[PDB]
Amino acid sequence: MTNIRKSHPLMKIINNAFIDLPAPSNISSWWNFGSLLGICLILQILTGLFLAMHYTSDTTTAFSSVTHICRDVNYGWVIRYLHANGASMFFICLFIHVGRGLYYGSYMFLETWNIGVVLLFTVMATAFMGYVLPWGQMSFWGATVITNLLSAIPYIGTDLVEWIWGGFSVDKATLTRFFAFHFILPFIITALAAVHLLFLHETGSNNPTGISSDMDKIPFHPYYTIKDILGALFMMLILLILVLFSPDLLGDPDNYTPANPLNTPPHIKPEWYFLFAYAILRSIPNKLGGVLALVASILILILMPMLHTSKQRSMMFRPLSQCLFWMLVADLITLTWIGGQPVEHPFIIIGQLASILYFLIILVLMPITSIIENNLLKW
Amino acid sequence: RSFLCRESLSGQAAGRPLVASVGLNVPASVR
Amino acid sequence: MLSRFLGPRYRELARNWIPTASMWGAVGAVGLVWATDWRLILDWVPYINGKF
Amino acid sequence: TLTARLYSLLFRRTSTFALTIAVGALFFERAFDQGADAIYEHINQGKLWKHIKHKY
Amino acid sequence: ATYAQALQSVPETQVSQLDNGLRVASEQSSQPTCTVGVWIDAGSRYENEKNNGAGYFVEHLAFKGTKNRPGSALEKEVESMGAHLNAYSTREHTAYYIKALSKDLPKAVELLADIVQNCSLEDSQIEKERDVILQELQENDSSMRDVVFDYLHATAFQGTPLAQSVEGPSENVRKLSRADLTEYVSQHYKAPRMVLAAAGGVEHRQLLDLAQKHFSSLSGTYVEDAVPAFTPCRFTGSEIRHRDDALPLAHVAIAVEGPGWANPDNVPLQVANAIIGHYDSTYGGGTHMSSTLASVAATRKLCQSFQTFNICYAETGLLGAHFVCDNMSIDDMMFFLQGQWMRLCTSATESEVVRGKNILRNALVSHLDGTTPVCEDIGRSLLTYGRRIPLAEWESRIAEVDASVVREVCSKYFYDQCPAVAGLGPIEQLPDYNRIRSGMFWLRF
Amino acid sequence: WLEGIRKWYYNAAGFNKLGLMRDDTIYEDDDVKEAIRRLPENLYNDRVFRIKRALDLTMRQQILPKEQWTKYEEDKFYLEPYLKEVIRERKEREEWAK
Ligand code: HEM
Ligand code: HEM
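Chains 3C, 3V, 3X, 3W, 3N and 3F supply the protein sequences, listed in that same order. Under the authors' numbering, the first residue of the first sequence carries the number 1, and numbering increases by one thereafter. Under the authors' numbering, the first residue of the second sequence carries the number 47, and numbering increases by one thereafter. Under the authors' numbering, the first residue of the third sequence carries the number 1, and numbering increases by one thereafter. Under the authors' numbering, the first residue of the fourth sequence carries the number 4, and numbering increases by one thereafter. Under the authors' numbering, the first residue of the fifth sequence carries the number 2, and numbering increases by one thereafter. Under the authors' numbering, the first residue of the sixth sequence carries the number 24, and numbering increases by one thereafter.
Quick caveat, the hints were computed from the structure, so don't treat them as lab data. Note that the Cβ used here is the ideal one computed from N, Cα and C, for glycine as well. One or more of the hints may lead you astray.
To be verified - Per label pair, the in silico range of CB-to-CB distance:
no.	chain 1	residue 1	chain 2	residue 2	range
1	3V	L50	3N	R146	38 to 48 Å
2	3F	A120	3C	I156	38 to 48 Å
3	3F	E90	3N	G285	51 to 61 Å
4	3X	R11	3C	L307	20 to 30 Å
5	3C	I19	3V	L64	38 to 48 Å
6	3X	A21	3F	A120	30 to 40 Å
7	3X	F5	3C	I348	48 to 58 Å
Claimed, not checked - Restricting the straight-line Cα-Cα distance to at most 30 Å, the calculated cross-link-like pairs of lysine-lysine (DSBU-like) are:
no.	chain 1	residue 1	chain 2	residue 2
8	3C	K217	3F	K114
9	3X	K51	3W	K58
10	3F	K107	3C	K311
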């Protein structure tokens, strides 16, 4: 005689996961993005399936098959644009999630933070391959530009490119290869997300105040399930507005042109959620240095738990660190804006300033501010 | 230990007041 | 961190594990040359270079 | 016995065990490739392209 | 007066030897008491399967009666002068020692001569003594540490005389007639394999002349030809598990081959053993003891008591540990205890080696306190080493031990050597022998 | 002077508005957790209640009225001695392991 909820194995796992899991009482709305990620993932796993059900992978039928999905498949355009803009929704939620983890000092959960960095890398790679899939002008040329970075790697680098290209340039082989990789990767992302939830549950969530809330804990099911339902409703509102009213708002029109290797578009820009890093790439003339800075721009999150010097955990009671964090966010937005514009005056110097300031804020300004911070409070 | 013989039981009586002792790296003892 | 790990007996432990770590690194180098089939190095080992 | 000398020399340390395995990988790979290829060319002598390229 | 000054001032161990072969060895001091005993080289090692248990029976009947003193009269003489008479029989040595005042030396030596020589061995007393040993066998069965160590010896030196228990199987003790014991006495209680030791207010000249006038009748021959030789004993790395879930606590003893009484490698290994240390639930050191295993056990309340041993015989020994812990700790200590050993086999800091050296010096100097421990030391050393090791020599051998020596000797005796596990009680969680043997080597090294 | 800057910072920090004391806002590492365990019962109970009230207020996104704000002068230092002792013991352990 017992609850099958807390005695049946699968039901026990579900119960400890998101039914009776002790959650902090004062969890703000910024935590909802966690689920808003998973839901997006599910949606991305869902619609992509129904896209792979009418998408070939040959360069003679890639663009034509995409147009077929948009124009002929019954309600196929809904799925297509739902995928295209759910990618942007996924990345908006991802960036807000990373910002939340940074602000409230959630990176003290070392295992979960590192797993999150791995998830970020995997999601970025998957999105890159997916954008390569429709074989537009943007697709082909962005793929060439991005993959040609690996030629900068010493020694093996050139070979590596010819390995990934499956030949001598982004061509028939690379399209199908990227299709297979874009299919497989999200399931690896799902497995890593499960591991991430495991690691987080071994310690419990962190409240905005940054202090342990083991005394004021509430069951997850009656409260945070409905909170997450509301969050999902809001995210669906934004995503459906995007898809139904202005689908080609976050995209680039040149992607609606068959890929022609003999002519390039006026501008070669990546998707928006990548520009913040692309600008950093453009900052350093040294190509190898550019690639290294590109990798470090994401790998910095790994070092972030080490740099924590403040006695307090979060930023709720650290106004100086708050201004620093918002300086960082403005800097990321500036890099995103810089990435779109061509390599001309004054975008070049502004891009160098923004890229320098990003690492200066993360590595130097924040720890020194925390050091001054503790001194300002007798500790 | 279980004692079920005169020879083994010999000496198990007490003739001096009980004296306990504990240490830092030596196990507890009593006599 | 580095204040704690900088010690007499800590450097002594480092010295103790120097041989094992160094020849673990040698293990890794040989395995890398083998699996990769690094022709630049394998052209000098007498018997194996006959393969190319 | 030689096996005792082998154990005391190359097998006691796990890392030395791995080094022995790695070098054995090189030499066994080369020797086995030579042997198997030679056996195959012997079995089908005169049919492979290697055995008939000379006349063209 | 520094430590070194005191060491070269400890009285010497004057050693003599009568014509028959009995080695007389004394150690004068100023105490008014003394401790005189005879250390024979009998023991379970010198016993075949047919007569195993003879030594225990002979030790039992030693104080019962003699030809000169018919019986209880001997006990009356011993008690009238306040002497405490004792005897301990092991797997290698058997000894009788009288603890008496210096003035009662002439009488005490006479009493020891009567026991070791003119022992009655009356059949009626044999029958009376037969039951006592049987009861003592059940008592020892209740002694769980002793049964675990007997399991260790049985499963380690299997098929060799060392595996035989000192008391003997409770079948030989029920058939050991007078005839079997008499051969044991006439074949093992010989003058060459005997050491007459004494310590305290004893004069070496007095001990020599008392021995000459009492033990002269001792014989050195070996009847027709039978000379019981020394049989080397093989160490077969194995395991034995007597799982009895009713027992409240589980005892596990694991030991590898250690050296003999020779092979000075004992001195480094003991230091290594001292580094592992020993713990009991009633220590009070808590999570502060220098020994890593002791600190972990105290922190997690893992075990009730773990002790490291270096049992050492003439040509081989059992060097290792024995721990008493509940059912859900046996594996965990197997992880830590082994994890400790390999640390000394791969990285032993000089600091802990110095600590082990100091602990060993303290153990040696403290164990030789009191006349009875000194007499035991003399009797045991003359049989094992052939000479009493002066404490100064012990100090020198300890000083020569450093971190590199400990690492080398441990890797020579511990690393990748099949153990001799032996477990009793609720030992279900005890790792399988393959797991233990795997834990005997580290994949980092 | 400097103490004026420190008072301005205490006011702008915001943990006074929640009724929290300085030490309630500290991150709970191993040293801090052991220090909290070491606290006397009467201090620990007040610490727990203050923390729970603060979490309640932040859940409802509110602050206490201005009168019940922990003043800079009244901000006692309860966890400081215990944390200092714990840090000293850890430093001793690390130095001995050195
Ligand atoms: C694949 C995308 C991701 C999914 C599905 C995911 C899933 C989740 C979920 C559901 C939560 C709990 C809700 C929450 O606290 O927000 C969570 C917590 C967390 N995630 Fe993620 N996550 C993702 C990406 C990331 C990334 C990129 C990072 C940063 C490197 C990260 C770091 C964290 C941290 C630190 C927490 C704990 C937050 C706290 O305790 O306050 N996650 N994750
Ligand atoms: C990790 C979640 C995913 C992300 C972020 C993602 C992202 C993207 C992006 C950005 C595109 C290009 C959209 C465009 O053409 O403008 C795309 C296309 C595509 N994705 Fe995904 N995707 C995800 C998961 C999946 C999965 C799981 C599948 C397979 C079931 C899939 C199949 C496809 C297909 C077939 C296309 C080509 C159709 C098209 O481009 O419109 N995707 N994806």
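Which of the stated hints cannot be reconciled with the structure, identified by number in ascending sequence?
Structure breaks hints 1, 5, 6, 7, 8.
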